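In this view, the complex is presented without one of its protein chains, the others remaining in place.
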Amino acid sequence: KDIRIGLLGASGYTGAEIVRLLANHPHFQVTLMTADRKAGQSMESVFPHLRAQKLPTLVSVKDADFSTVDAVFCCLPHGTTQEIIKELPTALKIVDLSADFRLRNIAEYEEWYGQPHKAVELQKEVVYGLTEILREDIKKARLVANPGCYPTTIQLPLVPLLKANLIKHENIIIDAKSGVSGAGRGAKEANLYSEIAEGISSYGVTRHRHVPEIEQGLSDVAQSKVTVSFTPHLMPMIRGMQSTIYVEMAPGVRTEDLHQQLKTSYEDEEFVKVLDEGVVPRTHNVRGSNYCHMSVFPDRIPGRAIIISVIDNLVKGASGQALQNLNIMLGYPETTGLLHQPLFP
Amino acid sequence: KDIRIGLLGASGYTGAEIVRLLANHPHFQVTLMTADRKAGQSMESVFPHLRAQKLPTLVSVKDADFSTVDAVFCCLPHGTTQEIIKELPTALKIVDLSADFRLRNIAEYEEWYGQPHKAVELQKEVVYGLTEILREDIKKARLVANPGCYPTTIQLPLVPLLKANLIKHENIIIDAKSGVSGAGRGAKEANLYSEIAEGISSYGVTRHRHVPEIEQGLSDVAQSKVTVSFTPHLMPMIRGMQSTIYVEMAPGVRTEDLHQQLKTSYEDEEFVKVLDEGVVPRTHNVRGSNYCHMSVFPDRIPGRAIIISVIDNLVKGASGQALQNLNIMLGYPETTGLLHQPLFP
Amino acid sequence: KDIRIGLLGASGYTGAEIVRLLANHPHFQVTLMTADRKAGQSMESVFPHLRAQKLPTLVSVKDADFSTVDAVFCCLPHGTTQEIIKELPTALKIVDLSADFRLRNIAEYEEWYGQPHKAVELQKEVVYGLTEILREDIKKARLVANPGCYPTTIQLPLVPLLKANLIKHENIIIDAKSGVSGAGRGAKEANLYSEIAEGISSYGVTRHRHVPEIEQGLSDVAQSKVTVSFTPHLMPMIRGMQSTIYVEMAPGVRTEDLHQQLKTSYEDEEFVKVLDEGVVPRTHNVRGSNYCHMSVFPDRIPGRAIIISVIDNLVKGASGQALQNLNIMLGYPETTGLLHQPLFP
Partner (left out) sequence: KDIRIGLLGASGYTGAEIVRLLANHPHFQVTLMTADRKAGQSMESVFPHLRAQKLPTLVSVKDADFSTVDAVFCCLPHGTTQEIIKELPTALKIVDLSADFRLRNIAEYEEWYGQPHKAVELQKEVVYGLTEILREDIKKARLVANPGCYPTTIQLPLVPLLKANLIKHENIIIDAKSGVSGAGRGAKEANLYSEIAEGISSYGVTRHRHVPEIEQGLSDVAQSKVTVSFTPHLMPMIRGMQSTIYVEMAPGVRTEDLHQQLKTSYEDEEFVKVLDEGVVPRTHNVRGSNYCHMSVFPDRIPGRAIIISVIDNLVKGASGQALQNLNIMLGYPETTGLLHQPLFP
């Protein structure tokens, strides 16, 4: 095909999704795939579900000439991406699914990710990949830092509201949920079927790494420092993500106003659906898709409102959005290869 | 076994749990079971997993005679409990698992249920069955309204904290989660394995019938009306529940105080357990038992705390606590038959 | 788009699957749908996961104008399919997902379904929709009976083997499994999440309607009446379907011969993959795709072999195969709208 894709760290779930999504993309084509321990192996022996496809052999990052492709999808772990990306060709449009360029504050990166920022310089040219919000900058960006799943369900619904001054910036409490696929494919005892199902549990209480990402974006729009609470929970399900967002509306504002602002901000946006007031979204309905459904409800507390936002954490919350961004970055229609219908039931 | 037990409405999940629980209870024996459309059938017919024990033929409550019965576990379908209980022979210890005798305020009951209260006078002698809290009243109470599942996880950690003014009573936000077993065994579209599996949903938003039961308690301890923001979330699992609670500490108060307070209130309690600092509880760890685990964490927002309380929605959230009550309501050790240890994995 | 699609009975998983499969289909675009029990309602009110699509409002069968459609997919309720289809307009390609036109022997239809065939003559022009095996007739048929899900897993690897007399037709023992989605969306106790989750059980032991359908296809090749043993099992999962088949090898035959025959028979087939010897299939690998995988292994019992055939029961086991049949009936590319990559994880 017309476009050769470089996919770093292809043995993980987001890599697998990058392979699945590109499969029905009439333009792009995976020609180079990187893996660490599984190098020197057909991805078939890694992800047999992809057997209908004929892909390249997995090689190590060290053994790969990046002059091989046009654009790069980076799905490597946080803290291993900065020195790699900085050492990549300049004529390469890049979309790293990792969090090594989402935060502009160098010191902030270090305090939350435990080590100095390596590509301090490159950083300032990076655009945050929240498509429906920064589309214009994403279009002309060379390097894009695909957002994190959770932060995606938060900013999309909250940004427009804060921009319209429809909600206060203080006391925003976020109670989020995610399938265990968000934990990755690492062979950890904690993630076994017997340690995930038939029970639920919180995690990342207080100091969760998605906090600065959330607060940054909201601060930009509120033009003031925003401090929130964020308590994610781990579900005995594979795919899906929901954030139950408890906010205080601005003086004199009613849920109807929040609903209208959201409805107006996303009325022509394919991937963001604002449900009719009162309607409850289910992650089941966006599962295996790139869509995000959101709804507005009154809080039993005066002046407060309840926002619910759901996505398939692996798609709109990962590789789906990444593809969405590369699409426009390369000048192709934004929805190319992104119109899969939900796999419900 | 000297105590003869009557189970009114044995074809549901609460009825089944009662039978299961009493099976190895040293002093209580099920001698009477009633069902509506199952009258005439054996229990094994309805619930075949109970086939190891001898149980009485299922008769109609209308033809039941309490001459040789000594205590009642009423699990009748919301709508007939009110009148059936009023007309029950006065001279026993009736543990009501329905919600009909929970609210002390007739008006509130009317409001939250539309229909008029049908046993206004008897309502005055009912005691709320949140054991650890109202133990002394329950031991000598006639009619006991067993708390609802969610309310149990909410009041246990909060009542102590309010009684000590360690946390403010306003802006208490509860983001609760529950397994689908709490939706009973009714044959409905939204309860089929296919519909429920994978994914969660926010049901009963803004208003849910547990709200008045929650506020009641909290209000009775705060000596002032309490208005919370409670939100149910259905989990793709059978058992377990978590009410992640967000509270504002009282001036000068720190997480340690709340931690020490709870640590001291349930210190010698067999069922309420407080975990160390920073330890996140899991519903997986209480599944199948009558234990509630609770933990306190600081919220990222200055002055706020986060409390997590988990139980097995059907045990401590229902049939287990009901039996915990009937024990004392009969003069036995409060833990008799309730020592079942978690079924993990 | 070129072809207008008529879907009768779109309120079930079959119809939802049709609608999902046709969403990104370039030539066929649904424009008519029926669902008496929900006529006038929106598709979003039945299957909200389809909200990104704009579909015609649901109608009644007696109201739909079957002259406005070029092709139809039939999901009528078993027992009501014959009359509706037999009376369907003249010009029209028809694919029935029901089992009512599968059996080519009216006598067997009655003794297995308890009712006479109401479209005897029409039955004669019907071609069994097991694609890879009957493609030739399918292309020129006007009315196709889409096969059952289980029967597909069995006939696919067995027909080719029986062809070349590689296996005896005596004592073919089948042990299959399907996700509960095969039970449909009917609101019944048996299929409640709490009743199905975390457990399995056989069903349809000894006798089961798919039996005659399976034997019929195998009988075609064996040129002799085949009598099998077929046992269904209900799996605690939504989609997916596997068949574990135990067969006797004919004199002189080795497992390698069965493998070679299958590899040769399906080497060009897009949707039927024959795995390498010793490799085990996983329904997880053909979940949400039209893809099918199979593998053969030696039995510990000398002379016997094992044949595992997996599919997504909602795809090749139903609608996926349905569409595979219509594509070629209308002379379109058989793979059109059917190359969806598996959803994994």
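A few points about this structure:
Chains here go by letter, A, B and C, matching the order in which they are written, and residues are numbered from 1 within each.
Keep in mind that, in the parts below, a residue touches a chain if its C-beta (ideal position, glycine included) is under 8 Å from a C-beta of that chain, and two chains touch if they have at least 3 such contacts.
Screening C:60, C:171 or C:335 for touch with the missing chain picks out C:171.
The omitted chain makes contact with just one of the residues C:102, C:185, C:239 or C:273: C:239.
Touch with the chain that is not drawn comes from one residue among C:41, C:229 or C:264, which is C:229. Interface note for the absent chain: among C:19, C:32, C:161 or C:308, the touching residue is C:308.
Touching the chain that is not shown, out of B:282, B:300 or B:316: B:282 (per the contact rule at the top).
Mapped onto chain B, the interface with the missing chain covers residues 13, 16, 20, 23-24, 47-53, 181, 197-198, 238-239, 270, 273, 282, 284-289, 291, 293, 339-345. In the full complex, chain C makes contact with the omitted chain through residues 171, 173, 175, 177, 179, 194-195, 197-203, 205-207, 211, 227-231, 233, 235-240, 242, 244, 246, 280-284, 287, 297-302, 304, 306, 308, 345. Taking the complete complex into account, residues 13, 179-181, 183, 185, 187-189, 191-198, 236-238 of chain A touch the chain not shown.
As a convention for this text, only the chains that are shown with their structure count from here on.
Legend note: the chain whose CA centroid lies nearest the centroid of all displayed protein CA atoms is A.
Per-chain Cα centroids separate chain A from chain B by 39 Å. Rounded to whole angstrom, the centroid-to-centroid distance between chain A and chain C, based on C-alpha atoms, equals 36 Å.
We define each chain's centre as the mean of its Cα atoms; on that basis chain B and chain C are separated by 46 Å. In chain C, the residues that reach two or more other chains under the touch definition are 13, 181, 198, 238.
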